[PDB]
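The chain contents come next:
There are 2 protein chains.
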Amino acid sequence: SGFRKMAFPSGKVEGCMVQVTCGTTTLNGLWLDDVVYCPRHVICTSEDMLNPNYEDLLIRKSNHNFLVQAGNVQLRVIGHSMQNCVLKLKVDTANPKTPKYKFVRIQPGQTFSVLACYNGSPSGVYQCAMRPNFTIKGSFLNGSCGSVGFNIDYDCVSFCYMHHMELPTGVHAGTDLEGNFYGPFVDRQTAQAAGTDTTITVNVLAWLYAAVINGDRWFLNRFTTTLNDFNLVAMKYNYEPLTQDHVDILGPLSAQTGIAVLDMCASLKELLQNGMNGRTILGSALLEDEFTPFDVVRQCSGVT
Amino acid sequence: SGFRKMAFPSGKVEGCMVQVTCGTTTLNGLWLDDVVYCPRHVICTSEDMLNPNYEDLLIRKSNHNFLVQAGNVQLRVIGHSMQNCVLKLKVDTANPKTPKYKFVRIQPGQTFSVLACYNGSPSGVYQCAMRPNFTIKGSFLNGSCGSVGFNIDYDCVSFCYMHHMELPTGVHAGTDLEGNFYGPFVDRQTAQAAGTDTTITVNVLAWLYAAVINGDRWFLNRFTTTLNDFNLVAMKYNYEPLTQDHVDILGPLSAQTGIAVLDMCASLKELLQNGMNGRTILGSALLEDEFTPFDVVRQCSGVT
Ligand SMILES: C[C@@H]1[C@@H](O)CCCN1Cc1ccccc1
Ligand SMILES: C[C@@H]1[C@@H](O)CCCN1Cc1ccccc1
Numbered sequence: 001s002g003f004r005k006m007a008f009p010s011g012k013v014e015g016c017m018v019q020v021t022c023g024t025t026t027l028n029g030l031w032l033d034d035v036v037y038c039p040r041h042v043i044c045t046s047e048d049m050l051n052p053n054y055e056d057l058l059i060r061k062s063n064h065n066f067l068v069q070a071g072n073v074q075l076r077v078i079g080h081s082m083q084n085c086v087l088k089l090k091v092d093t094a095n096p097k098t099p100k101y102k103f104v105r106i107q108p109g110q111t112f113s114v115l116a117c118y119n120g121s122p123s124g125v126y127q128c129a130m131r132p133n134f135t136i137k138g139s140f141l142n143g144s145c146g147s148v149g150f151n152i153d154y155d156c157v158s159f160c161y162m163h164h165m166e167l168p169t170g171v172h173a174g175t176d177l178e179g180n181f182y183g184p185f186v187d188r189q190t191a192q193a194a195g196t197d198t199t200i201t202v203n204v205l206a207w208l209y210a211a212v213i214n215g216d217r218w219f220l221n222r223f224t225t226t227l228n229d230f231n232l233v234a235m236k237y238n239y240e241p242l243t244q245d246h247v248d249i250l251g252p253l254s255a256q257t258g259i260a261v262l263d264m265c266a267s268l269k270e271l272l273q274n275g276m277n278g279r280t281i282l283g284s285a286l287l288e289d290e291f292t293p294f295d296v297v298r299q300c301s302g303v304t
Numbered sequence: 001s002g003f004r005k006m007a008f009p010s011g012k013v014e015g016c017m018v019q020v021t022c023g024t025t026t027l028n029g030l031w032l033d034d035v036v037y038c039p040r041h042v043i044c045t046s047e048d049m050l051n052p053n054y055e056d057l058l059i060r061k062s063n064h065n066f067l068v069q070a071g072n073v074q075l076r077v078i079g080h081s082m083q084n085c086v087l088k089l090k091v092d093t094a095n096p097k098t099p100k101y102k103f104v105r106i107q108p109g110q111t112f113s114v115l116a117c118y119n120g121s122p123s124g125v126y127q128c129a130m131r132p133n134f135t136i137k138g139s140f141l142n143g144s145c146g147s148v149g150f151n152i153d154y155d156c157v158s159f160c161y162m163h164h165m166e167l168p169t170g171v172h173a174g175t176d177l178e179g180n181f182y183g184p185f186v187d188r189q190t191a192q193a194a195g196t197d198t199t200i201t202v203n204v205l206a207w208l209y210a211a212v213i214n215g216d217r218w219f220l221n222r223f224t225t226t227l228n229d230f231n232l233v234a235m236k237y238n239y240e241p242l243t244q245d246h247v248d249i250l251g252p253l254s255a256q257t258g259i260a261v262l263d264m265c266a267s268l269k270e271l272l273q274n275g276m277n278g279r280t281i282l283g284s285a286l287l288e289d290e291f292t293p294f295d296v297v298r299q300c301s302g303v304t
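Taken in sequence, the protein lines are chains A and A'. A prime marks a further copy of an entry chain.
All residue numbers for the first sequence refer to the deposited numbering, where the first residue is 1 and numbers rise by one.
All residue numbers for the second sequence refer to the deposited numbering, where the first residue is 1 and numbers rise by one.
Because the hints were derived from the structure by calculation, they are not lab data.
Watch out, some of these pointers could steer you wrong.
For identical chains, the list gives no copy identity; a pair is met inside one copy or between any two copies.
As the list claims (entries may be wrong) - The calculated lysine to any residue pairs, modelled on SDA-like cross-linking and capped at a C-alpha distance of 25 Å, are: (1) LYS137 - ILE213; (2) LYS90 - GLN189; (3) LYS102 - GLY283; (4) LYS90 - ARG76; (5) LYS61 - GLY23; (6) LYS137 - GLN256; (7) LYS97 - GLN69; (8) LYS137 - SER1; (9) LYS97 - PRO241.
All chains should be modelled from the sequences, with the hints used to inform the complete structure.
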């Protein structure tokens with residue numbers, strides 16, 4: 001019993017973290033096979049960062065300008081190219097600790113673990129969701145850029161996120177491992193305002209199921225609702241719409257608990273309308289939205 | 001910027017997790033050098049668990065009854081002894097992945113990462129506090145026993161916790177790595193009631209400092225208080241007393257923020273007396289007590 005905000009074990013990713021230095025800028029790189037992936041803004045002075053021209057900045061750069069360090073051993077860079085907003089540094093050594101891996105572009109509301117690193121060294125791991133506005137609410141100081149977000153399926157690391165920016169509002173933006181930004185963000189120190197930070201409705205319902213499974217049931221009410229009725233209320237409260245796809249995804253939790261998805265929706269509706277009245281659910285005083293249905297099943301079934 | 005419930009990177013501990021099987025019971029063991037540490041209740045049938053006599057159960061056991069598996073390779077057990085509530089299985093192979101390590105018995109209110117495992121395989125990592133009543137609020141299903149709690153100081157893993165029991169109230173009890181229970185608990189399926197689950201006051205204040213550092217300041221008030229006055233209020237609200245030692249420990253956060261510890265105490269007092277009035281602090285609707293002063297400094301300074 002018990003439900004925790006649980007990150008994937010980080011060992012397989014720890015083994016891929018290196019230090020990349022271009023001139024006076026040091027940040028983190030991901031070493032997979034004989035390629036080190038890092039944010040292209042490694043080539044910028046924070047002066048550059050106001051209106052950087054990456055193609056022009058890169059003309060001045062050679063393989064030997066990219067200093068790549070894995071522990072206390074230097075990697076020889078034998079090529080470099082820019083793909084979108086990441087640099088791919090070809091090194092002469094395949095990472096011997098390369099796990100089975102994929103690059104995946106996640107959807108908003110999907111969850112992943114971040115291994116926060118500084119100078120190619122892991123400092124901690126935490127579990128995130130991609131917000132519906134394609135930001136994440138991370139913990140990232142200067143030097144953390146190139147820290148990555150991942151999921152693990154048994155022995156396969158799916159890399160979904162590389163950290164690039166802190167918006168002026170202290171929320172975080174980055175790319176998939178093809179270097180394409182999540183959301184409308186760019187690697188420039190400019191006016192970038194995130195959209196509405198809405199709640200991931202399907203995740204809240206998953207977590208309400210997790211609560212019922214773990215014995216927290218005070219919020220279960222006598223009511224049901226419809227998708228349209230529930231969605232009217234969701235909208236008022238800056239909750240993302242619930243689709244039939246979300247209902248289908250919650251099916252197994254519905255099955256396990258014997259609480260129909262629309263009944264759990266009616267319970268959530270009353271929590272929105274009436275608040276918690278000072279009570280807690282799984283030790284939280286607000287409605288948690290950083291567990292997917294998949295996460296709740298995984299943790300409630302003990303997948304390794 | 002940003003503040004997250006961050007676990008230590010788990011790789012060094014992942015490399016120490018094995019599967020221990022005695023008869024039909026499988027749980028997790030910790031392989032350090034040529035010793036595998038596991039809960040002694042591995043020798044019990046859940047029948048035994050009502051009033052087990054470990055010394056008598058162990059007489060019937062031989063080295064070859066303890067099946068130890070590290071990945072898909074079997075370890076040869078060449079000795080076994082009971083130390084308090086843990087078994088030490090001597091194997092013929094030193095774990096080649098043994099990190100530098102210590103065994104430490106933590107105090108209540110201290111924080112640590114748990115690597116939740118099943119059949120010697122990591123499933124996730126989360127950050128805990130030892131509650132003042134010496135329970136932890138974990139996420140542990142059957143097969144998770146022998147999962148461990150640790151801190152990392154640069155390259156040295158300090159192991160502080162091994163998971164043994166779920167109390168009938170769904171909270172968790174375990175031992176240090178010398179096999180001595182935290183709190184008054186025993187490895188028996190009996191009436192064991194935890195004491196008052198109080199809040200770790202010093203940790204709340206640390207986390208209020210973390211909030212100020214990260215821009216959440218709405219709760220800062222115009223008031224100060226005294227230790228005695230604050231402690232009267234703490235007591236009423238099931239908060240542990242604040243000592244001069246706690247004030248001294250908060251000194252660096254006091255210094256960094258320019259908010260005297262007793263002023264932050266007056267802010268906490270008003271939060272206790274008046275509640276959050278529906279507001280949040282670092283995305284929480286309650287007062288978080290699972291960050292130590294050390295944790296706040298570590299994460300706010302980016303230690304690896
Ligand atoms: C624009 C936002 C954004 O966060 C992501 C995409 C959808 N959202 C729409 C939305 C707005 C207000 C209430 C509910 C839903
Ligand atoms: C007995 C508890 C226990 O949780 C740990 C040790 C100290 N506590 C005392 C306490 C009780 C009530 C309010 C405040 C403090």
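Quick rundown of the hints versus the structure:
For the identical chains of this complex, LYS137 and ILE213 are inter-copy neighbours only, at 16 Å across copies versus 28 Å inside a copy, given an alpha-carbon limit of 25 Å. Taking CA atoms no more than 25 Å apart as the test, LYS90 paired with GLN189 passes in neither setting, with 28 Å inside one copy and 58 Å between copies. Proximity of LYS102 and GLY283 under a CA criterion of 25 Å is satisfied in neither setting, with 35 Å inside one chain copy and 32 Å between copies. Proximity of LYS90 to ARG76 under the C-alpha cut-off of 25 Å is restricted to the intra-copy arrangement: shortest distance 8 Å within a copy versus 43 Å between copies.
In this assembly of identical chains, the alpha carbons of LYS61 and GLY23 lie at most 25 Å apart only when taken from the same copy (10 Å versus 63 Å across copies). In this homomeric assembly, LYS137 and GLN256 come within 25 Å of each other (Cα to Cα) only across copies, at 23 Å, whereas the closest approach inside a single copy is 31 Å. For a Cα distance limit of 25 Å, the shortest separation of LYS97 from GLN69 qualifies both inside one copy, at 15 Å, and across copies, at 22 Å. Taking the shortest alpha-carbon separations for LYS137 and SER1, only the inter-copy value of 9 Å comes in at or below 25 Å, while the best intra-copy value is 28 Å.
Taking the shortest Cα distances, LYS97 and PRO241 never come within 25 Å of each other, neither inside one copy (42 Å) nor across copies (48 Å).
Violated hints, listed in ascending order, are 2, 3, 9; each of the other numbered hints is respected by the structure.
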